[PDB]
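Shown next as structure tokens: one chain only, the form solved without its partner chain.
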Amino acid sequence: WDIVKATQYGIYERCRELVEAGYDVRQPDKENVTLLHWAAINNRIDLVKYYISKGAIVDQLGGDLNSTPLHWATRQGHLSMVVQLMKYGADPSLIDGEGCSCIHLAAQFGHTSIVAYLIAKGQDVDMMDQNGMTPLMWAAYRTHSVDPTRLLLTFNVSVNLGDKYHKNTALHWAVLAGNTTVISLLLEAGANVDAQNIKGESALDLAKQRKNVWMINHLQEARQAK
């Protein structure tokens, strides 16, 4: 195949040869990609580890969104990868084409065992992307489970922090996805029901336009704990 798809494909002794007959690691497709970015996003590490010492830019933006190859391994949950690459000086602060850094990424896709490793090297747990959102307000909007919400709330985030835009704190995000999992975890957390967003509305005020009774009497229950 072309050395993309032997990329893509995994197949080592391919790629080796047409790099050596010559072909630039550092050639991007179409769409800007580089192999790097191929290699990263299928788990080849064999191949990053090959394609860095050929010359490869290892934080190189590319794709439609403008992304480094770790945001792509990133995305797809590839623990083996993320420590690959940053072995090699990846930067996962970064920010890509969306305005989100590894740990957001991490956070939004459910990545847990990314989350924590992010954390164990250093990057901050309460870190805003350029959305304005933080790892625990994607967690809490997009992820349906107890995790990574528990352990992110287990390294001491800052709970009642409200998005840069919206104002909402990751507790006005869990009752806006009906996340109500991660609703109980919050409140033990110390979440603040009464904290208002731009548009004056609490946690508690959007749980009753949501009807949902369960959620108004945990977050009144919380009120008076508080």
The other form holds:
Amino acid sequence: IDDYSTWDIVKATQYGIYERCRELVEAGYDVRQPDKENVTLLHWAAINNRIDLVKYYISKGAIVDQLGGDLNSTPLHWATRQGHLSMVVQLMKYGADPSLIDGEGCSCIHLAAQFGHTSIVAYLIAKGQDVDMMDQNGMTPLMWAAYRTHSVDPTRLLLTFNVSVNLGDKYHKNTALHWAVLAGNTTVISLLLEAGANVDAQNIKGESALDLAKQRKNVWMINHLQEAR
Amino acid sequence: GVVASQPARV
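Since we've got the form solved without its partner chain here, give me the form solved in complex with its partner chain too.
Every chain and every other molecule in the complex is listed next, the one we just looked at coming first.
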């Protein structure tokens, strides 16, 4: 019978073994001290939805938005990637800043968009994040959805707000429709056309979304875009 | 399972 009395504080945090973590802290483990991966205990707690451990570590003075890991992200970033709405809610209540950007240039709304976490996208919008917030790459949440979520949501949710459907990202000037064609995201293509996506608007290389469709020799895509003019 | 690996590049 493993009783956790042998586990290190990182493994015990991951698994939410609350009393194990608390004994290691009072015995001298600094809640602010990172591990060999430059990850803090708050990060591990957040990405495993350990609500109570999060309260406890913060009460011991853990830094809420401390960057860590190879991707150089806050604990809130981690919870957002993983999809823990309750943890996103909890961390934002302690002052975590959802607009901070990680090492990939993304803030929280983009992380939630690109991993398909529809309820967190809704929540960030309900807390004041702009639906068309541009990340460091010039990507909107709708672009990230078109590119990465091959699914009705979160695209359908995003289109219920006053998005500027024909924006293009900063470096490629690809609209969300461009991204969906690029990615073969057939579910999203119909939603964007139905929401007014311009099939002729050209990116920075002067290719329209129809051009990209024709390029990929995808008969279904070419027909569907052509019939939306 | 629990998450015991840090987020990585795609």
